[PDB]
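Consider the single chain below, provided in structure tokens and representing the form deposited in one PDB entry.
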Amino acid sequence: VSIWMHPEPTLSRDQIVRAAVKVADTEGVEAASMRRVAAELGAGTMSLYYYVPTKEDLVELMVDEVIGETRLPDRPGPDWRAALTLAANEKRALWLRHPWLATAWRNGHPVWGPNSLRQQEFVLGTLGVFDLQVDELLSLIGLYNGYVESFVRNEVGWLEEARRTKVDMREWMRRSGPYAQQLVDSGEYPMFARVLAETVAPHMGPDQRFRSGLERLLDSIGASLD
């Protein structure tokens, strides 16, 4: 079924994945097509298929590969708050570095490659110490993973949009001002209007915001532990 059960038989899987990552970073996941990645290696297009069954598969391999960039200690430590914060910050760093992770990862089956499993051991590890049911642990970590991914999924959404359309967030908001006005005036959308200033140009910036929400989230996990 999966690619971690389907091992490969210069040109190698490891070399194709690392090239696909390089194209994806440099020119966006849409550029990392079989021909372009093969061109990058000097290979024939279909030569890649000897090492990688399908493109869906190549992307899963791409996903695990980049996760391996994570700089994480072996043991999480006793400061679960600090541990989860670090894991969170490294993931955000990663995603910003590889914006295509939000698009590429189709979200069905979990990725059980080595790098993902290492990363997940660390996260699941932080709360393993405490006396909680398996299903409570998964819930609490789901809430954690949720906050981080969602926040970062938006951050990276704008980034990728900016690449494709050469129109960044300040610029998009600027050009929507007129229509926003119409919406505000319509009177049919009070809340939208109350919240527009902060939506267009936020008081505090992404780093500050990511931290606050994380801080709150961890606080609630703490409450759940008691």
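Throughout, rigid core stands for the largest set of C-alpha atoms superposing within 1.5 Å between the two forms. Residue numbers count along the first chain shown, from 1. First, how it differs from the form deposited in another entry.
The rigid-part assignment of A102 coincides with that of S33 in the two-part motion between the two forms, each C-alpha going to the superposition fitting it better.
Hinge motion between the two forms is captured by two rigid parts, the smaller swinging by 17° against the larger on C-alpha superposition.
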Given for the second form:
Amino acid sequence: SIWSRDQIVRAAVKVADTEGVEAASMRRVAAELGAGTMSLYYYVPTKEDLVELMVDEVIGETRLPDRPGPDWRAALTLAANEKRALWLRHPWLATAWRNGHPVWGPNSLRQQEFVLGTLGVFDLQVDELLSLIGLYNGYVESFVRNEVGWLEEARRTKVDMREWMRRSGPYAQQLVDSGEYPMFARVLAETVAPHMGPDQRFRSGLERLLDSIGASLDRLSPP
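Structure of the form deposited in another entry, please, following the form deposited in one PDB entry?
Only one chain is given; partner chains and other molecules are left out.
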């Protein structure tokens, strides 16, 4: 287990933020530091290891409270906004982890202590805790991975979410006119969210997610 390297990781991060993670190849990160590649490899064997070290490294930028306190909705909300701002700042976090094994670096584990801690006081089987936290973490990640995706897409096409929605209007009408997608149509007729800006959309999605967690907790702990 992979758990001064640190200065290597920081230069990697700087490159990945600007030019994407592919561009943070091992030759370049050397260039960035003013060293030749042969020493880099001593401290950081593989590019897979570096990505893992970068993940943990940037999570160290963030600081949550030492303990969540009893308001699990306010604590998860704080964790949500921190995590979103970290992914927007380091968009490669949304697509870079390709492996199955979890990252057990100190900073990753510190933050999970806080997020798991929020529902840690409840008398739940731990796999139920992980299931509810899974719901919460899934919402934040799906949303922001999609957000990042729009930005990466815009830089190529010059068409962002709002502009894509307008230009897709005619195709959408064709699909409605097909008559084969009555639920898609009811979504297009009735949804409010896509017309909210990003910050308000995220927050209102988070409140719905939090209410679903809440409703589960009332089930397992009436009333």
